[PDB]
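Chemist: Each chain, written out:
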Amino acid sequence: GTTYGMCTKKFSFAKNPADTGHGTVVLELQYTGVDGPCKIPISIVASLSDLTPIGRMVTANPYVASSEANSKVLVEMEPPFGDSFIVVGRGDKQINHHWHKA
Amino acid sequence: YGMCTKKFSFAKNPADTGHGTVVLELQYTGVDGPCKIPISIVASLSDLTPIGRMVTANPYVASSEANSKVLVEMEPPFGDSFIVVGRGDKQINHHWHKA
Numbered sequence: 591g592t593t594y595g596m597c598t599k600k601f602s603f604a605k606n607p608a609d610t611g612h613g614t615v616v617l618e619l620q621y622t623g624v625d626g627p628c629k630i631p632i633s634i635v636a637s638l639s640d641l642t643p644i645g646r647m648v649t650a651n652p653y654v655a656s657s658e659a660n661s662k663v664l665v666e667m668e669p670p671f672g673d674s675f676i677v678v679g680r681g682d683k684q685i686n687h688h689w690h691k692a
Numbered sequence: 594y595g596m597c598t599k600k601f602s603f604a605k606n607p608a609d610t611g612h613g614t615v616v617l618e619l620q621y622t623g624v625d626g627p628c629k630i631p632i633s634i635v636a637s638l639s640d641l642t643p644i645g646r647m648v649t650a651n652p653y654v655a656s657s658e659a660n661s662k663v664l665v666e667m668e669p670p671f672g673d674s675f676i677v678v679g680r681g682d683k684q685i686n687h688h689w690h691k692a
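Chains as they are written, first to last, in UniProt numbering: chain S, 591 to 692; chain D, 594 to 692.
Next comes chain S alone, as it looks inside the complex:
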């Protein structure tokens, strides 16, 4: 079927975020789980204490495409001016990467 949940397992940053030539950043994620297809819990936040989404996901609503473990997904994003964190996963699964834009 096509009833997909949020991915339940940890991701890793397979390649750390890098700037494009059009004012965005791209980040390669690797998914450790086998519950794909599943929706990636990714957002950009002001701090780890307030996970209100800010910034802009350019690759919006990305999915892990497969139940195969260690699948990779590339996400393009536009962090806000100033400080933010890219956060993937929730609770004890959460990984984070700080970003500063001047």
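Hints were generated in silico from the structure; no laboratory data involved. There's no promise every hint is true.
[To be verified] Derived DEER-like restraints, expressed as beta-carbon distance ranges:
id	chain 1	residue 1	chain 2	residue 2	range
1	D	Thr-642	S	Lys-599	36 to 44 Å
2	S	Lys-683	D	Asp-640	42 to 50 Å
3	D	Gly-595	S	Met-596	26 to 34 Å
4	S	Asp-625	D	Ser-639	38 to 46 Å
5	S	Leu-641	D	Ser-639	44 to 52 Å
6	S	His-690	D	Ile-685	35 to 43 Å
7	D	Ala-692	S	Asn-651	17 to 25 Å
8	S	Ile-644	D	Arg-680	33 to 41 Å
9	D	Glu-668	S	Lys-691	29 to 37 Å
10	S	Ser-639	D	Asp-682	52 to 60 Å
11	D	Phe-671	S	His-690	43 to 51 Å
12	D	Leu-638	S	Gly-681	41 to 49 Å
13	S	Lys-683	D	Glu-658	21 to 29 Å
14	S	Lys-691	D	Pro-643	26 to 34 Å
[What the hints assert, rightly or not] Derived pair list, reagent style DSS-like, types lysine-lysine, alpha-carbon separation capped at 30 Å:
id	chain 1	residue 1	chain 2	residue 2
15	S	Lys-629	D	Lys-629
16	D	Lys-600	S	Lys-605
17	S	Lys-683	S	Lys-600
18	S	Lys-691	D	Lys-629
19	S	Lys-629	D	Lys-691
20	S	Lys-600	D	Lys-662
21	D	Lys-691	D	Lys-605
22	D	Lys-600	D	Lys-691
23	D	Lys-629	S	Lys-600
24	D	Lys-662	S	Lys-605
25	D	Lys-599	S	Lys-629
26	S	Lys-605	S	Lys-629
27	S	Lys-599	D	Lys-662
28	S	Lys-683	D	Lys-629
29	D	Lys-599	S	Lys-605
30	S	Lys-683	D	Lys-662
31	S	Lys-599	D	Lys-605
32	D	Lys-605	S	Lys-629
33	S	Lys-629	D	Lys-600
34	S	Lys-629	S	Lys-683
35	S	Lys-629	D	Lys-683
36	D	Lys-605	S	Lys-600
37	S	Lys-605	D	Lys-629
38	D	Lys-605	D	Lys-629
Think of the CB as a built atom: it goes at the ideal place given N, C-alpha and C, for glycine as much as any other residue.
Got chain S sorted already, so can you dock chain D onto it with the hints?
Modeler: Chain D alone, transformed into the frame defined by chain S:
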């Protein structure tokens, strides 16, 4: 990271989600990744102006590694439309109907 240059294929029959969208599993054997997938919804093969909405907006082939699969979700208009992936002699298409 420009547009992917090679022809894609669909891994399975395009699937109605029930909530008015279509999910496609795109396969790619090119080695020019990471690259942006040239996918859109159009009214007809004669007018490729994008219509509808990309739910999975701006999807990419994730790296230079061949043999990947990318899940794309799109909201076509009600009625007839075409899913189109690729350009020119690389273009593939699928006629979609939404009721």
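Chemist: A separate judgement is required for each hint: does it hold in the structure or not?
Modeler: These are the hints, each one checked on the structure:
no., hint, result
1, D/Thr-642 with S/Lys-599: 36 to 44 Å, "holds (40 Å)"
2, S/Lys-683 with D/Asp-640: 42 to 50 Å, "holds (45 Å)"
3, D/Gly-595 with S/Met-596: 26 to 34 Å, "holds (31 Å)"
4, S/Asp-625 with D/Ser-639: 38 to 46 Å, "holds (41 Å)"
5, S/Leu-641 with D/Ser-639: 44 to 52 Å, "holds (46 Å)"
6, S/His-690 with D/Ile-685: 35 to 43 Å, "holds (42 Å)"
7, D/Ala-692 with S/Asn-651: 17 to 25 Å, "holds (24 Å)"
8, S/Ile-644 with D/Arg-680: 33 to 41 Å, "holds (35 Å)"
9, D/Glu-668 with S/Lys-691: 29 to 37 Å, "holds (31 Å)"
10, S/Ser-639 with D/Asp-682: 52 to 60 Å, "holds (53 Å)"
11, D/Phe-671 with S/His-690: 43 to 51 Å, "holds (45 Å)"
12, D/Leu-638 with S/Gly-681: 41 to 49 Å, "holds (47 Å)"
13, S/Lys-683 with D/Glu-658: 21 to 29 Å, "holds (25 Å)"
14, S/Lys-691 with D/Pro-643: 26 to 34 Å, "holds (29 Å)"
15, S/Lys-629 with D/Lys-629, "holds (19 Å)"
16, D/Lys-600 with S/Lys-605, "holds (26 Å)"
17, S/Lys-683 with S/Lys-600, "holds (5 Å)"
18, S/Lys-691 with D/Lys-629, "holds (24 Å)"
19, S/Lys-629 with D/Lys-691, "holds (23 Å)"
20, S/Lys-600 with D/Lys-662, "holds (20 Å)"
21, D/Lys-691 with D/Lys-605, "holds (18 Å)"
22, D/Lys-600 with D/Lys-691, "holds (26 Å)"
23, D/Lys-629 with S/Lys-600, "holds (25 Å)"
24, D/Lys-662 with S/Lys-605, "holds (18 Å)"
25, D/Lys-599 with S/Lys-629, "holds (26 Å)"
26, S/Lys-605 with S/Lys-629, "holds (20 Å)"
27, S/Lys-599 with D/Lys-662, "holds (19 Å)"
28, S/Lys-683 with D/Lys-629, "holds (28 Å)"
29, D/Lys-599 with S/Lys-605, "holds (24 Å)"
30, S/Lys-683 with D/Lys-662, "holds (24 Å)"
31, S/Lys-599 with D/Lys-605, "holds (25 Å)"
32, D/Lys-605 with S/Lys-629, "holds (19 Å)"
33, S/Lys-629 with D/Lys-600, "holds (26 Å)"
34, S/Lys-629 with S/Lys-683, "holds (14 Å)"
35, S/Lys-629 with D/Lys-683, "holds (29 Å)"
36, D/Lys-605 with S/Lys-600, "holds (27 Å)"
37, S/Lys-605 with D/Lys-629, "holds (17 Å)"
38, D/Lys-605 with D/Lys-629, "holds (21 Å)"
Checked against the numbered hints above, the structure breaks none of them.
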